[PDB]
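Trainee: Now for the letters of each chain:
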Amino acid sequence: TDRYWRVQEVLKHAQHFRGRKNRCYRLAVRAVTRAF
Amino acid sequence: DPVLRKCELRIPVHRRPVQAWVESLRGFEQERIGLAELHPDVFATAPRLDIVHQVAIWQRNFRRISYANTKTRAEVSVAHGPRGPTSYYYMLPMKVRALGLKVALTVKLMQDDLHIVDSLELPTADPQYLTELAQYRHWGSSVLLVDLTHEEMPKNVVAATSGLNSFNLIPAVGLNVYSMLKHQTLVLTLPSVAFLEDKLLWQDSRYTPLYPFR
Amino acid sequence: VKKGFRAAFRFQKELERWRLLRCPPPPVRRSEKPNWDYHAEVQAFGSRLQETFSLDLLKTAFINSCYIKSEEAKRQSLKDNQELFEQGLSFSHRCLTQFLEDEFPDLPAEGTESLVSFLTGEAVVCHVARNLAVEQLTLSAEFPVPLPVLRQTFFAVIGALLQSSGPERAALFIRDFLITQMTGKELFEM
Amino acid sequence: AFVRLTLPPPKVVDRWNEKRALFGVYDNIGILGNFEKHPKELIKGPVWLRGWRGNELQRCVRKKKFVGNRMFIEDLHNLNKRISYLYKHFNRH
Amino acid sequence: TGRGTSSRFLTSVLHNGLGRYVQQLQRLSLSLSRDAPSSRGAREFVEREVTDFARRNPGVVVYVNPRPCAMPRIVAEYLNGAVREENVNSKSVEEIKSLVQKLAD
Amino acid sequence: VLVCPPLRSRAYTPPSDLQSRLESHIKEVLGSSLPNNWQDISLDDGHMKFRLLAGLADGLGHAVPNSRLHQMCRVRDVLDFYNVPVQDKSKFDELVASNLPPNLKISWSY
RNA sequence: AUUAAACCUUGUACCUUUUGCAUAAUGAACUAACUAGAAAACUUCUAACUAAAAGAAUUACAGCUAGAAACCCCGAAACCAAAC
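Residue numbers (the deposited numbering), protein chains in the order written: chain R, 15 to 50; chain F, 45 to 121, 151 to 287; chain c, 31 to 107, 119 to 231; chain i, 32 to 124; chain b, 2 to 106; chain h, 50 to 159.
Worth flagging that the hints you see were computed from the coordinates, not collected in a lab.
Possibly wrong hints are sitting among the right ones.
[Said to hold, decoys possible] Straight line, CA to CA, 30 angstroms or less: simulated DSSO-like cross-link-like pairs of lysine-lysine:
1. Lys140(h) x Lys255(F)
2. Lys94(i) x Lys112(i)
3. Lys272(F) x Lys168(F)
4. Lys95(i) x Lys119(i)
5. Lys99(c) x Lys120(c)
6. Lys272(F) x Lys75(i)
7. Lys68(i) x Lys272(F)
8. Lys33(c) x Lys94(i)
[Said to hold, decoys possible] Not close to chain b: a few residues of chain c, all C-beta gaps over 10 angstroms, as computed:
9. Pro56
10. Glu62
11. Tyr97
[Claimed, not checked] Now the stretches of chain F that chain h is said to cover, found in silico as 3 or more residues with beta-carbon under 8 angstroms:
12. 54 to 63
13. 202 to 208
Ideal Cβ placement from N, Cα and C applies to all residues, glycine included.
Take these sequences, add in the hints, and give me the full structure.
Mentor: Encoded structure:
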């Protein structure tokens, strides 16, 4: 029931990305790890 | 005239008898009227609470029956869902179950949660009197009353105990670990103590039962 | 419909967080808000400064004319800080001028006046008082506390401090807390 | 996904009700009753599993034998087909 | 992350240590429950270590409010206006003592 | 016609003249009057134990716990049992009367 | 990183699969839900009792009783019966 928060955790680090990457969980997660 | 009780069975020589204050419910201040002796092998057993823990699980889970079911692909007009009624019944060893009840008795007595009474007779059947007396004697929020047999239990107590949710009255044969744990303090009649001791002390020896005792 | 009460409660907190960001609450002074003890704060305030204050005098210094009007207005439906205010402002002017002269005797009197005025400016006094939590301890009928009222209390507290601890301790307090603000300040800047 | 915008109705549970308060009473019938009645005799439920437990195949097989004479033709045929699939998996794999 | 995170320069509140050091923490609020496993460590802390800290640091206002509470919480307020809240849910006495000391520093 | 008596506190403080009251109860015992080995007198007798303990509890106000009953073999622990104080003050109550510093505030919301 | 969004500097999309390699090759417009490891004969471990153990059917020259501990999903070409 907390899957939304899991998505939010990735989203908070991907808010500053550009394009569909910043809004697609499939792409946002990959970018967040690469940035770290 | 103090009411003095002694253990019917032979107490071990190396173990001294256990004693407690005999009480009566006739009056508010009739807290102490006699002194009774308790068998150490029953009321002074080792504090093995895991047996009590196991008994509680056995008590709850031996009656458990789950009716959850789901249809598989072949039954559709869940891959690993519940399938029909399921039973969880199992039996603990008889000796362990007897020991668990013994351990519970020691815990209540050592914790000052057990109150030995001569009889359950009450001057009045009003539930208010029973609750107030418990307050006077600093009994717990929940008090369990045990009598030797259901048929002979006093009428006055039945009316009060029946109408009290937190004060429950059960017969001696109905005693169990779950109720004792659920109830803060236990009230036991003198005959009930003798009744309980005989069965518990009878467990000695094996002479394995070649057939069920039914 | 997703079942459960914990999940529904969790979303309520999520809604509250969004609501707080969208509509920040109006500012209110800590005095009105719960868990506030003026006596305890004053005792802690004095202990934190490692300075001795006369509780009665300090309360008078914090008391403001505007605050009294609100109480009187409420009463219709108490000592001002003016006397203490004058002592601190007047003493500070002499003491502040004394600091400038000793280091820079050559500097003209006119220059010292500009330096003293800047160091005693409402913004300078307001900045020190607000960062010192004095605003929370200030007694006034309006929040945020008006700067001129805040400035009055600051010098008023100085007057109370002089009586409680004498000029010597106050002078060190002024040097430690006010003269420090001139660090990094160029002459023509002030 | 999207989640409820309202809280579920409050639930109040009485832990000292007759059912919960008196749960388990007479579970010591055997020891306190001279073992005349075994505690397994106190099990209430389907007839084929009163005082007995087994795996699903055993439970289904026991159910068929107990009420096979009272089982519906459609139900009996369906049970047989399901048992056939279960038998191969357990007894050959 | 640095590109996605803010940064600042070295600074002091009001040159705190030039004349005399002032403790930033000004007020502490503690919520406790009479009967709660989470508050057991906090329960013992009040019995033993709360007094010592108050004597050591008498300039911080301490509020202790035992009340029916699901999760015990500690709130710390600073002079500059910073307010920090720490959950004491199921934390030991030693953990609590270290945390408060860190908050004061 | 049955009226419950008011609840009594569980706090018992040893009397200042504990020995005087103690020896008074020992005198109450049949002819003992502080005899030889008085502290070592055995309490195994049920009737003597009942009379001695019951009288002491009413006057002194402290009663032997049922769990601690069997330890009361001889007088020595009876005197010790009565001389140890019992306090009903709560931990919060004791903490309140512990010279709280001015910066420590306690509020009881229960 | 930065005073500064962009400039300067660094860095050969992801899963699977090939060799522990892809500048190979498969699959993916995106969003939301749904979507794949299941059994106790014996052993170790936790306890009850002990030349006995188990509430009948079992094992035994320390055994015996109870408890806990395990092994997926989707997808053919086909084959046969009975109707249409």
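Trainee: So, for every hint listed, does it hold in this structure?
Mentor: Now the hints, each set against the structure:
1. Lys140(h) x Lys255(F): Roughly 28 angstroms between the alpha carbons, so the hint for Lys140(h) and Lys255(F) holds.
2. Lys94(i) x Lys112(i): It holds: about 15 angstroms lies between the C-alpha atoms, which stays within 30 angstroms.
3. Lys272(F) x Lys168(F): Roughly 11 angstroms separates the two Cα atoms, so the pair holds.
4. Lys95(i) x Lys119(i): 18 angstroms, holds
5. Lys99(c) x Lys120(c): 12 angstroms, holds
6. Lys272(F) x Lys75(i): 27 angstroms, holds
7. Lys68(i) x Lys272(F): 15 angstroms, holds
8. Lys33(c) x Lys94(i): Violated, at roughly 35 angstroms.
9. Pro56: The claim stands: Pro56(c) keeps its Cβ more than 10 angstroms from every Cβ of chain b (closest is about 16 angstroms).
10. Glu62: 15 angstroms, holds
11. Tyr97: Non-interface label on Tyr97(c) holds, nearest chain b Cβ at 22 angstroms vs cutoff 10 angstroms.
12. 54 to 63: With 4 residues in contact (Cβ-Cβ under 8 angstroms with chain h), the coverage given for the segment 54 to 63 of chain F holds.
13. 202 to 208: holds (count 4)
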